[PDB]
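Model the placement of chain B with the ligands on the given structure of chain A, informed by the hints.
Protein chains: 2
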Amino acid sequence: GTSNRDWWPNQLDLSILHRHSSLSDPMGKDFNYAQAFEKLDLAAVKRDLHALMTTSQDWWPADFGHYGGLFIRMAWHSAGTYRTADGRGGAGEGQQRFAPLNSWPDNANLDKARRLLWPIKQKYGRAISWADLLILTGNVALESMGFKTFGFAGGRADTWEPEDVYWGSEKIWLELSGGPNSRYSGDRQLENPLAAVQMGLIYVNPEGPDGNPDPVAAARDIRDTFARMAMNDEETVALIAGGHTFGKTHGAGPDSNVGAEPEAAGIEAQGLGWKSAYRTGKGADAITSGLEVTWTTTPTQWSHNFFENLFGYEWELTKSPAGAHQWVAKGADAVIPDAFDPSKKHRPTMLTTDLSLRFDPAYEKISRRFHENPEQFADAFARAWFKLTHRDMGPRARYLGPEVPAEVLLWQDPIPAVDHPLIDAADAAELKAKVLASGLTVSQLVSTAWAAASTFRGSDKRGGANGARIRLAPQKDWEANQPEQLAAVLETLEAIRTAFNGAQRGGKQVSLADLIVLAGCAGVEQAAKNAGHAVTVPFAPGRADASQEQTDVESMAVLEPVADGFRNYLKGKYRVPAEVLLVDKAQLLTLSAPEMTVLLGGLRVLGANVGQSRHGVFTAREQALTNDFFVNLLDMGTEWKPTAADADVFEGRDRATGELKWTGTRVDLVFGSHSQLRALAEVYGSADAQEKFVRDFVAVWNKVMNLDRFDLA
Amino acid sequence: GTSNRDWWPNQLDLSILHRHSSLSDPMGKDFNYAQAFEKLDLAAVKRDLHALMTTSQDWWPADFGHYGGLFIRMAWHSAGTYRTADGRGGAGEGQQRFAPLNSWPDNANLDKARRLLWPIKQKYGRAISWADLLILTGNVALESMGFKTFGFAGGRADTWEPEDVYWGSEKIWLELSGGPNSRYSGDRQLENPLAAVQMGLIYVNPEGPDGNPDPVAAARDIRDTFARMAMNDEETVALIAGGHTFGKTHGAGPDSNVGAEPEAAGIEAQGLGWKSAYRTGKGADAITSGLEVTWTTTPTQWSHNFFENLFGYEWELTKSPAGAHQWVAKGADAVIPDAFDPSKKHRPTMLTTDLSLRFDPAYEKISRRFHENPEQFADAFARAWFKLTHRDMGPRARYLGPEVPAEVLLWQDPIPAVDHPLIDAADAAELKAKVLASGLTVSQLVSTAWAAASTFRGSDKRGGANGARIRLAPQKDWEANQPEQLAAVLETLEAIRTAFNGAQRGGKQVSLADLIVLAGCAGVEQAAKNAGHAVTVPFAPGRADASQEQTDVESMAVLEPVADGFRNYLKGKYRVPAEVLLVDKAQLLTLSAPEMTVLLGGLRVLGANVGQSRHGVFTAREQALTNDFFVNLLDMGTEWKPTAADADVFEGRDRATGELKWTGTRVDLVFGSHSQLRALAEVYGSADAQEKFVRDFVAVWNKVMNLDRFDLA
Ligand code: HEM
Ligand code: HEM
Ligand SMILES: [Cl-]
Ligand SMILES: [Cl-]
Ligand code: NA
Ligand code: NA
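These protein sequences, in sequence, are chains A and B.
By our numbering, the letter at position 706 of the first sequence is numbered 706, and the numbering carries on one by one without gaps.
By our numbering, the letter at position 371 of the second sequence is numbered 371, and the numbering carries on one by one without gaps.
So here's chain A without its partners, still in its complex pose:
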């Protein structure tokens, strides 16, 4: 059946903005997962999970009699698709159970692990999400084997369809680099926003870079991918050594014995895949990655044997039974247990990528300290495992249940507690009046609040106006934020705040974060008034102000908007058309197409553009909140042509006279071109639409202002 994507393969795609509708959701519209989880008997689930670890099923027999390793692997893959560049991936939505992740080659046989979990998911039903369960299972596996975890938070609600993520352009699973859709260029530079070396891998190739078994060069790939998942050297060493304390790899026979991945398998396979023709197909004969490595003498017990072996032996290159490169300690005795035959033992083995921890010089220092000081290794691994599995969960206010760690970590972008009464409605009105009396303009007010709030991304729930991090490094100096203009606005708002707080009794105070938002609300109210409409913009206090010391500057970098079509801003020149970047930003802000459309057309005429550019400012009453953008954009009396200077800027001239009326960018003019967006623009540009425009604009503005307000959830 030929589709629109087939006829017009480069048209913009809006269906990313309408995923996750009420239509696809089997739960009622009022279902609240946090309420369900908060009444779950978590202790009882964990007891069930404990028992499962050593209850072997014949259709996928447990190695060593214990599923713990398989489950740690499962939970680390659940979390391990995360990319800091856009916050997509991670464990937070349980996406491992949907395409394409359920069928990535790095997730081979995790379909078995997920299936083992069904009886428990079934027992507790909607009170524990799959997303929570994958992670909880990994924790319980660690605990069952003697490892003390740092804690666990619930609150990952399940999702019901695949997320739309760019995982790369290769059309072949695992394609080595250098092909026609290579994700590398230059001196081994991986394209943003990717965080893996080959399509269908979690991070790196366990045999080495493009299969070359050189630990040193494999370390460079480890470091790069891990950094693109927000982990530094110490965290990376702790995570890899920690995880490979447990279990084993599977490569009992040649890879060609393994059949179709789950999305390709027959219907009778009932959602499982990688069925193997090698011997029994499972257990002692299992083939997963094609490597055959068991790291430690006690694969079902926490120990410090991974570093004892890594440093204690000299290693030589050998091949698994499937032909993959791996390493053996030939000088060793057969000290490693066999997974099923109590009468067999094996020599110690390692992956290329494990040897990286000893032969990369920066890693060796850390490895050695963890070898000599295994308590430091256990503490690091516990912290990094928590971070790994909670990195995309958002503000601590979303964390549920009795096991949440009390320690506040810098990576969580922490917000201080509020310990004082909040402003009320009359106070908000008085502050809005003081703000407008200061001389700050509609444009200044709207721009500053937009800049503060629109760093939010729903992918990992980082960013937003809570914290007032706009006033701190590095946000204050981001080019999009107009650093000198922003400094003048913030100074005036801070003086207002100081005056208001100084006049209060009884501990009542307003935060700067709240005032930035409220002042943007005043700007929108005044814009509506400029257009002859009295409206009240809703405003919810309770934001707090974070300090510089509570703000990791390096980790904030990935939130910098380099493209923000809402402010007609592009930091430099990109391969991807600006309209594509606009939809991407909309998806991250959780906006539908209609909400995107209303919001942009309003911001244009409020003076939100960076630099006060006239591009898209299709009004003669700037700073009045009207539907002028759409009425003028859709006026057939105006003809548009790309400029000679810049093919991405367009001039709109009167069709009869040739007089120049407006200029625009691709972001502006897509609303008059794309057939779905233009149908939207038509609604808002019609003669009956002034009231609808204003209401829908105020509603989306308020949505944006509240994106990180999980304290009010």
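Please note that the accuracy of each hint is not assured.
No distinction is drawn between identical chains; accordingly, a pair holds when it is met within one copy or between any pair of copies.
[To be verified] Derived BS3-like pairs (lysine-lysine); straight-line CA-CA distance at most 25 Å:
#1 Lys121 to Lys661
#2 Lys692 to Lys121
#3 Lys661 to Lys123
#4 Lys29 to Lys703
#5 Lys282 to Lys121
#6 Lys641 to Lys573
#7 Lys319 to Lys275
#8 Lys330 to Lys319
#9 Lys703 to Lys476
#10 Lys282 to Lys641
#11 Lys585 to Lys573
#12 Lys461 to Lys585
#13 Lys282 to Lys345
#14 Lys476 to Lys461
#15 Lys571 to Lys692
#16 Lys692 to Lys123
#17 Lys39 to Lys692
#18 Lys275 to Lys661
#19 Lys275 to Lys641
Honestly, the hints are just simulated from the structure, not real lab data.
Chain B with the ligands in isolation, oriented as in the chain A frame:
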């Protein structure tokens, strides 16, 4: 960016069932288009449309000074995508303004027509939909030019994204037959459900079949395609001769002058396409189809000149200026006006397909009769134009405004008025009790009501339980409907009805239509009681019984379910996998994936299967309303394999014992395979879900029972 569709191109696609969400819709959730239209001043819109007809715009100058022809073509094409096979296409959703239809070659320059309408759309806003406006504008064009229409109904709500329609498999626009994705096979047999001869055409090729200019062979294609659009010979001759009484074609220069269609055009084209490099590119120089024909001496006025010319001359084959085949009148004088130069005239011309109306023997008889009796021609064309443009609108209860024709037509599948008091809640309880006392079983009561109601399709809003057409030819004899069992149930229900109606005072009576549905309700109630649950199923009376004479048997044939996954029924063997057919039927029924899931799992355990098949009946308590289907389908204790006899039937055996537990079809087992469906099955198969399953099932049941109930909208 590689997608799931790329990796797994034949995996089932559920996003068709979650199109048209509240997310993509710019109107608020409570917007009611019928209420908006009812307050429109239709007389005012029509005056603006009359003015527009002769308000020529320089960017697309009106032929003969009058856009009427262009607009009739625009309306005919809006309605002309309709296929009786599935009810998809047609004018009823305004899909002409979206991909792919906005860019079909046959809709070239209709983007201009649509744009001429924007000032009117804009003026009236939400009170007139694009979908209604296209049709209204065609009617007003006809009226402007002297032709009295039969009527007009409003009520076509706009839609906001492309509908998912199978338009064929060709990957080349306009591809001639016999290619790798040929829509023809055999003795020119067009594949169902298609109703056009080439990809991107409305019906036929105006040059002739695959471009060969034989009017007789063209006639065969006209007859077949028009019959696939629900028109017979009389209506087809009236429509083609009526339409080509007006206006002209456009082929002033070679097609190679015309540029990108709208979805491929640059952003500066602002939603328009087919920009031409030939001379001025418009007006006297216009290129649309490549043909250059003007049919009549008065192209802006209704006349009898089409048939005078058709019969009055002998025709010679010639070429337009673009090289296309067309016909010219032998020895004729230059009597046809030029569109722009009052000093030029032209000889009469015709398309191959116009000559079909004279050279096909059956058409010639009709054409002659219309030539001799032009009042018969006028009346038939009025009637046919109304049918054309309203065929997908559904029951008359949907028709809005002051111009709706009072005459009831056979094609509207008319339902008689109700002229008596309706049963109340006490009466409903009394009838449900008599139904349960009669001996009829849960399976019989559910099956019959399913059969009556599940004929509805939302594509053209035909079918459903109103009417009690299940008791008439041809529904009573459909294989899916189990004709002998159906007759036994109808006999018992009719005796209950007769007894009930005979005991009433005043004119209170229950229709058989209502009783069929009420009796199904009772069956679901009894099923829930069998499972130990106390459930009341909602019921809305008000259906009436249609007569056989109000039920066109040939037009009902296209509603026969040849595949009905909900009854585990497949009439024969199809190219398309049964799961694909299931989703297609769910889309027709307007169900989401969750609704499809709940409904199928319930139907299976209630005994709705055709033939009492055990396939999918995964319960030991048939006729009790439980979530057994899901709990058993997801039990990993059972292993599934395709049978030796039939690869599309599967056996579920105890994994440890080998004992046979169940059998299933692909429709059954897709719920345990497809990763989105299995996620849904899991919610309903969980230990906390029995009550939710029951409630959700009763809701979807009632939805299906009410699909055609536009008298309660
Ligand atoms: C450089 C990073 C890493 C590489 C290349 C990698 C590579 C692999 C490979 C190839 C397997 C074998 C899969 C099989 O054949 O069954 C695996 C197993 C395992 N990995 Fe990793 N690993 C990485 C990091 C991690 C991390 C961060 C964790 C967790 C903290 C982890 C935990 C495990 C566990 C527990 C297994 C055992 C699975 C079982 O017992 O079934 N690994 N690793
Ligand atoms: C066998 C069926 C038909 C064929 C093959 C056919 C073909 C065509 C073509 C090729 C054009 C020229 C397009 C252009 O170059 O501008 C056209 C124009 C038109 N047809 Fe048809 N047609 C069919 C049926 C219809 C019907 C059912 C109606 C309406 C009831 C219709 C009314 C129009 C009118 C009004 C125009 C004139 C457009 C103008 O003045 O711009 N035709 N037709
Ligand atoms: Cl994601
Ligand atoms: Cl459609
Ligand atoms: Na994420
Ligand atoms: Na339709």
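Q | Same-copy or cross-copy closeness of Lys330 to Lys319 [CA-CA at most 25 Å] | A | Classified as within; 13 Å inside a copy, 86 Å across copies.
Q: Could you figure out if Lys282 and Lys641 sit no more than 25 Å apart (CA to CA) within one copy, between two copies, both or neither?
A: between (64 Å within a copy, 19 Å between copies)
(Q) Cα distance capped at 25 Å. Does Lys461 pair with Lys585 within a copy, between copies, both, or neither? (A) Within one copy only: 14 Å inside a chain, 39 Å across chains, cut-off 25 Å.
**Q.** Homomeric proximity label, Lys319 with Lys275: Cα distance no greater than 25 Å
**A.** within (23 Å within a copy, 63 Å between copies)
Q.
Reference check for the pair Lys692 and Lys121, CA-CA at most 25 Å: within, between, both, or neither?
A. Between. Shortest inter-copy distance 16 Å satisfies the 25 Å Cα cut-off; intra-copy 45 Å does not.
**Q.** Intra- versus inter-copy proximity for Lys123 and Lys692 (alpha-carbon distance at most 25 Å)
**A.** between (47 Å within a copy, 15 Å between copies)
Q: Check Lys661 against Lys123 for me: Cα-Cα at most 25 Å, and say if that holds within a copy, between copies, both or neither.
A: Between copies, since 23 Å is at most 25 Å while 66 Å is not.
Q) Should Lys571 paired with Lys692 be assigned to within, between, both, or neither, using CA atoms and 25 Å as the limit? A) neither (33 Å within a copy, 51 Å between copies)
(Q) At most 25 Å between CA atoms: does that hold for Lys39 and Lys692 within a copy, between copies, both, or neither? (A) between (41 Å within a copy, 18 Å between copies)
**Q.** Homo-oligomer pair classification [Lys641, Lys275; C-alpha up to 25 Å]
**A.** between (58 Å within a copy, 14 Å between copies)
Q. Taking 25 Å as the upper bound on the Cα-Cα distance, should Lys476 and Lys461 be classified as within, between, both, or neither?
A. Within one copy only: 21 Å inside a chain, 57 Å across chains, cut-off 25 Å.
Q | Copy assignment of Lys585 with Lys573, given that the CA separation must stay at most 25 Å | A | within (17 Å within a copy, 47 Å between copies)
In the structure shown, a violation is registered for the earlier hint numbered 15 alone.
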